[PDB]
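What follows is a single chain, given as structure tokens, in the form deposited in one PDB entry.
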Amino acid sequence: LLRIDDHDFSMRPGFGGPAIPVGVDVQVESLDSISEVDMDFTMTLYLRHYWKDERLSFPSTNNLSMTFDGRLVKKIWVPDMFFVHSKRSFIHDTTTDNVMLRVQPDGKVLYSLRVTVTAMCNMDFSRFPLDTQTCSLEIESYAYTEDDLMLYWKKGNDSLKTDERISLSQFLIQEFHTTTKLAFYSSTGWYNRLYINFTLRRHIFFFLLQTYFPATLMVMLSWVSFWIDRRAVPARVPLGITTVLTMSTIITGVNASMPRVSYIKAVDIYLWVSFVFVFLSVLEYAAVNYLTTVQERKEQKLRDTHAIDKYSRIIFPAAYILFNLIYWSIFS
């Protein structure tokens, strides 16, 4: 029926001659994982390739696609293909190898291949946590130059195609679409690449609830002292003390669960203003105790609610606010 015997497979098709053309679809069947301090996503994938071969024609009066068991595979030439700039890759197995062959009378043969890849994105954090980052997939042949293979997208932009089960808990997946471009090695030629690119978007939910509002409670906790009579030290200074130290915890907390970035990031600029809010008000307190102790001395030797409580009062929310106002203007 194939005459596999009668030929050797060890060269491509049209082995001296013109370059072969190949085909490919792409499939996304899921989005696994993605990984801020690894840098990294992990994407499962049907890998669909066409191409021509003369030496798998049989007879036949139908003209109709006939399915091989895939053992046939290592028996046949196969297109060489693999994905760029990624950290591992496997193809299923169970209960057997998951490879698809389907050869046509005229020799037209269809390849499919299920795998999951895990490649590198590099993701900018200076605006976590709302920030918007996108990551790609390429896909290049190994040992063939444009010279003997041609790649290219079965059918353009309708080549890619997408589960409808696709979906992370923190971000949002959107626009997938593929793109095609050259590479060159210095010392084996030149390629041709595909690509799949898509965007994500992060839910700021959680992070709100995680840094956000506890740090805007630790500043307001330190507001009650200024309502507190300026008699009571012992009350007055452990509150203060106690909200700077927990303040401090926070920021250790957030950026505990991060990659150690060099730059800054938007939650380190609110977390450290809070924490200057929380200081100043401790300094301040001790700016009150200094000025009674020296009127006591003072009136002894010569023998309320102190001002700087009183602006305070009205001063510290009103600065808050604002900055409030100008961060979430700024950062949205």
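Take the two forms, superpose them, and find the largest set of C-alpha atoms that agree within 1.5 Å; that set is the rigid core. Numbering follows the first chain given and starts at 1. What changes on going to the form deposited in another entry:
- Core-based superposition between the two forms leaves all of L239, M81, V99, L194 but one with CA shifts under 2 Å; the exception is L239.
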The other form holds:
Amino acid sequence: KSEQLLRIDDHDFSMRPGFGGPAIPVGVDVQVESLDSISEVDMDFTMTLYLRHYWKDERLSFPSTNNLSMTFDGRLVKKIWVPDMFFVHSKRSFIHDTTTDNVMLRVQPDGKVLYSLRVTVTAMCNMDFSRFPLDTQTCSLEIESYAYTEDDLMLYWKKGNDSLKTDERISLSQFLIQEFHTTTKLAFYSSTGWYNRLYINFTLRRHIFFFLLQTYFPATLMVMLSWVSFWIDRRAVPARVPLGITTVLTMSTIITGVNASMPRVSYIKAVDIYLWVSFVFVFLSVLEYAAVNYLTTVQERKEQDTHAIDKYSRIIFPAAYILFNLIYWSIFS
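Output the form deposited in another entry next; the form deposited in one PDB entry has already been displayed.
Nothing else is written out below except the one chain.
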């Protein structure tokens, strides 16, 4: 029997190796396989990865006439001591079990142990949509021991920044992923003490042009169309009102559609400011004509060319819109 080469019954595996002395160093190697999905309403992302652990345990040493290693399946995990890593700030996770448990153990003759497994984890990530759609989001994934403090277990990356590998085909439907790097930081819990924590960081960016076209182009086009009505003669009363009254309806439909398409984030964003300012510029154009029409009628009654209001509007409106655009794109870059 292979398990008889390891003195399983002659050793206690309920305690850590090197009990009562210096901590046992444990190395971790992570390989990212894919990114499944990201949810903006609930602010979470899903990841699939390979997790590996390295440590040395002298109780598992077995004699041999060569350097061949022995491979065991997941059934040996319950009989020996293994590190209990867990993911912080996670919502749910599981280990794949098709067609059997995806757990592997490899033991060297001296006693070096390799522990590999495949896991899928969902983690939280705080997001800020103030600068939508020009926003940049940074998320992270954290790994930490559960029950052992730094006095008993010393956790670290095995090969520095070479311990993180990513698949060549990792991609998202609506985001750009870049800048994968690893950091470490000590965390404190008042109940037990100090712990070591490992981080995996990355950054997300959007496709600016798609939002630019769809949102901003119709708004500017409709504003210019509303401007155009200033060059039509005032005497054609049933030929100037329809343009102004039919620009507002189109703007309202555009706003409703854009609101429907965007994610349900309930606070003011950068896109909302642009759309509601443009709505006022269209609204004021109709108010301008009512004043012109009213003043003309008063003169006719009193007494019985181009009005100066139109001349001033043709210059004032484009300047105001250009100044607003300059300020808006200077603030939001």
